[PDB]
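Take a look at this single chain, the form described as "resting conformation" in its entry title, given in structure tokens.
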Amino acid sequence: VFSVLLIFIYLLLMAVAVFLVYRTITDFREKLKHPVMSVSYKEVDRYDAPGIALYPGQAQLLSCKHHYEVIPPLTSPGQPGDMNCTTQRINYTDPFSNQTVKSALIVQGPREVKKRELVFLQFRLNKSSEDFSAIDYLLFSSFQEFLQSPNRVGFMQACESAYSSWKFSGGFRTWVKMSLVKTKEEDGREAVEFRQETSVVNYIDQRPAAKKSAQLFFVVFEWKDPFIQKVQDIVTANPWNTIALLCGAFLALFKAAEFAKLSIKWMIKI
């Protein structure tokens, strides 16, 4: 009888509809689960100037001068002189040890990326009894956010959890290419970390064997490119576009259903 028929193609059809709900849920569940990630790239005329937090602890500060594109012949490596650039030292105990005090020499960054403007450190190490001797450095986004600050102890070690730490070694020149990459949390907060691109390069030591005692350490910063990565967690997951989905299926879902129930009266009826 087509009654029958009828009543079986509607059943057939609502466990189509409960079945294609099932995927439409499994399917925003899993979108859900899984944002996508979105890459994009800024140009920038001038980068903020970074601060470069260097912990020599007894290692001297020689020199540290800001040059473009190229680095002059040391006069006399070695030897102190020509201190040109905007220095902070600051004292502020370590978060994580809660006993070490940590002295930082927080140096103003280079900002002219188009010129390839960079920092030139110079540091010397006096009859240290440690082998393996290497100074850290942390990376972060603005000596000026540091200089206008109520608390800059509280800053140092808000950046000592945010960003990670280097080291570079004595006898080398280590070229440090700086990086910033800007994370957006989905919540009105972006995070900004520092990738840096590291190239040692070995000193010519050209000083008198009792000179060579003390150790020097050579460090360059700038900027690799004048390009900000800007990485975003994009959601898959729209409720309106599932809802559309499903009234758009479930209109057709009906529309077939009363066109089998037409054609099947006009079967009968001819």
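Residue numbers count along the first chain shown, from 1. For clarity, a rigid core is taken as the largest C-alpha set superposing within 1.5 Å between two forms. What changes on going to the form described as "activated conformation" in its entry title:
When two forms of a protein are overlaid on their rigid core, residues whose CA moves 2 Å or more are considered shifted, and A214 is not one of them between these two forms. Put the two forms on the same core and the Cα of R189 is off by 2 Å or more between these two forms.
The two forms, fitted on the rigid core, differ between these two forms by 2 Å or more at the CA of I243.
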Contents of the next structure:
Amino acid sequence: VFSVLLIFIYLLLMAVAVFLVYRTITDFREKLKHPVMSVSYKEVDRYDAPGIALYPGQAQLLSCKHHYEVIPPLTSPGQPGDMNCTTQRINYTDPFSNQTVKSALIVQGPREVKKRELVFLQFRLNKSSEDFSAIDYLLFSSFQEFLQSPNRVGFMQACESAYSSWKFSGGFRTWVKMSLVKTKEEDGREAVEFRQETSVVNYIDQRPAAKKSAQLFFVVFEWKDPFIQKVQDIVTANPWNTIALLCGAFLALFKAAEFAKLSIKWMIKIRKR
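What would the structure be for the form described as "activated conformation" in its entry title, given that what you showed me was the form described as "resting conformation" in its entry title?
A lone chain is what you will see next.
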């Protein structure tokens, strides 16, 4: 009769439900055992003013200007003048060596991503014994946060431990298109990291040869796009979602139990007749 067909259908449905809940529980198990982080992108009209920690050493900051889409031709390269930016100077011991102190010049970065706001910095280093002409730069977010920070020393070391340190060369103009990545760790601590795309442009010096010994450093800092990349694992960042998933698994188990009970009742009814 159709009774055995209904019993088989309900048994198959119970098997389906228990398989589904077991698969969900399993996938939750690999999600917990293998911590994997999801990636998303957030669009924002205006970026928070970042901090650029430059390490000139003996190089002198000739100029620092804010421009929009265009850097006008230099009136006289190698000549200081027209410093229009908020800069700070900090001394902190290196978190790794603990013997050498790194004197950092913090510069407020560009803010208007949609208008391609450019921070153009000009350095001049007359003489050095270093084999390679470079200036180190470390990108951190929220220059105001550093300025408002109490110690201003441990913050710089914590930013040093972050993976946002690069170097730009002398004798070249370095167009840096930086992008922001915010990671929510397992501990919940926010990690701020920077990607960059670099355009290196050769600089042709028309100055008299007598002054050509000095090295000129040009760097242009710019936001690549109004897209902040957020990296976080959904299972760990949201305990409420984990509880919701467990609750849904429990509900699925209960629906499977209800289907099994209906199957048992139908089997009893069939056996009675």
